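So this first bit is one chain, no partners, the form solved without ligand UDP, shown in structure tokens.
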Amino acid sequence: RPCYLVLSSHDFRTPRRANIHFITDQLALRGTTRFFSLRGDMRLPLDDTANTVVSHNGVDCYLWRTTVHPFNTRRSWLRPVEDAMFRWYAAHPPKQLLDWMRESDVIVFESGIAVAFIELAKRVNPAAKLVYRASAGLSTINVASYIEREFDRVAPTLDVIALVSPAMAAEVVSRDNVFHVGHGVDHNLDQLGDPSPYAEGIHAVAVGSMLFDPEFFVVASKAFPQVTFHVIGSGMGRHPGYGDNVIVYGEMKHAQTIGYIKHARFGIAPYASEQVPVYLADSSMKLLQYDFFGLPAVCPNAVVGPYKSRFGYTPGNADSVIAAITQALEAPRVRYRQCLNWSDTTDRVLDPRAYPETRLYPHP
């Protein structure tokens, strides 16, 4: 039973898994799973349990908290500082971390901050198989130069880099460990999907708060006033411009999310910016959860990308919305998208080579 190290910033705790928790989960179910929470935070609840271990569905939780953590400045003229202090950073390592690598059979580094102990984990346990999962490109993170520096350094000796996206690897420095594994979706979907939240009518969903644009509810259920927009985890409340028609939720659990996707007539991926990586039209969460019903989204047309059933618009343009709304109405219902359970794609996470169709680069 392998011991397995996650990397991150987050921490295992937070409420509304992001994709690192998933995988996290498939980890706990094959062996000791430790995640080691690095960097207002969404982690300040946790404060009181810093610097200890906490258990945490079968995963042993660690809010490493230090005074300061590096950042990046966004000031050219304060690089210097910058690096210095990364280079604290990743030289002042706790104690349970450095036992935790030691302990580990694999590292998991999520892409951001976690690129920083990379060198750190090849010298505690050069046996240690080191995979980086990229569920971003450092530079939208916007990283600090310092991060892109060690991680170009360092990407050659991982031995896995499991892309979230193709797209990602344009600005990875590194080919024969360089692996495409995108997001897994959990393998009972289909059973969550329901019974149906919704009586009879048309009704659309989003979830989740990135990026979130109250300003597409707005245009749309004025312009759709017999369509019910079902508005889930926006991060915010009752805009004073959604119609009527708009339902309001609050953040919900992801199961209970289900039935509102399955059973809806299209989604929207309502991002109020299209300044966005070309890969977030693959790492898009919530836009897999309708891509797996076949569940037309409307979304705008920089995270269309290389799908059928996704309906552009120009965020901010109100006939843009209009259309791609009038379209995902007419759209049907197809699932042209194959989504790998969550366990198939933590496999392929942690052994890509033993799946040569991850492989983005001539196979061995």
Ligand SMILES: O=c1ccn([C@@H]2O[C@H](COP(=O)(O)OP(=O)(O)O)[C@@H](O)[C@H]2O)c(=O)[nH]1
The other form holds:
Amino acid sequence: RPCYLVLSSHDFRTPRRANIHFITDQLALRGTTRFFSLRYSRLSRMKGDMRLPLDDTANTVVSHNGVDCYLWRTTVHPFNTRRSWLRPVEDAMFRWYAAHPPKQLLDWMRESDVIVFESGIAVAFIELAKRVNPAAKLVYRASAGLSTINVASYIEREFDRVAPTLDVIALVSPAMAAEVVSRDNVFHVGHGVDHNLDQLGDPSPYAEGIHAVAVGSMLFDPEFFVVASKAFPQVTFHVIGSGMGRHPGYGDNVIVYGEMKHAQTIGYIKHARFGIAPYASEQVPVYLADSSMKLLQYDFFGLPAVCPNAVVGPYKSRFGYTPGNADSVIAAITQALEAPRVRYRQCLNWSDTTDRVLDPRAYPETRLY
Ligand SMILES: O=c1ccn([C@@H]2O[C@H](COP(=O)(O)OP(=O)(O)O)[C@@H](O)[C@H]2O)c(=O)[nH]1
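Right, the form solved without ligand UDP is done, so what does the form deposited with ligand UDP bound look like?
So here's everything in the complex, that chain up top.
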């Protein structure tokens, strides 16, 4: 039993699990498992961080589902000011941040056999991990491209600097490789799915009729549903965890649900006629076609999908539209309604995914070079 440390600006305790949470669940099955949460400060708090409900636990270890969680709270955290004249202040703050890890981080690094750094702020601690524990296998999990996150220049330069020294760079999408300045240690590992997705998919939340589903708040475009619901009165749109309420534009054929536990979303997904990834913008990375979690979930079931053209990507059963263009929304839906359900996409479970995250060389198909 190996001991894992995950560094991320997620916190493991926050209710909507992201990819790193699912991986972390798998790590917790394999060995000790600590999740150290970064980029959280007093500043964070006065800006609406998802982690604020955890604030009274800050800087202490809390056990959550077999994971040791630590939300690091500093007074300020370094960030992209987005003003290129403020750069040397940024560099200063990132250097300062990186130079002042808490003892708990250092201890956890020392205790770890494997340290996973999620793309983002965690980059600032890769070198530190190498110094603290050169025996630790250093796994960078690229949930997102650095440029997409729009990290400070410091983090890009630092990532570029340290990236070759990482044991594993596990890209969610090969499309991320262009901006990763390393080769021999760069691997492709999607997105897992729950090993029991098919069992979770039964029963059925839906009565008779045609049901379409959207799950998730990422770039949530209510206007999609404004148009789609009006244009398709015979379709019931199930809008789950959109991060917002009932937009006044929604037709009565839209059902708006609060955030739903992942396992419970699945029946809504499996038994839908088609799913929707209503990203409000096409100013999105090319990799989002691969990295979108909801689209992966639809894909698992072969659920035809309506999504912006920019995230259709190299996939069947995705019908692109232009956000804000009613005609294209209607055309895409019209096609989705008639698309057959076929499981085109191979979806490894989270356990098999985590295996390849940790030892991609044992699975040579993951190699990008
Ligand atoms: O109330 C919710 C909202 C989101 N999700 C899931 O959370 C993941 C991420 O959703 P988000 O929109 O934030 O990102 P995306 O899927 O579009 O990448 C997706 O698999 C959703 O299916 C969920 O289970 N319940």
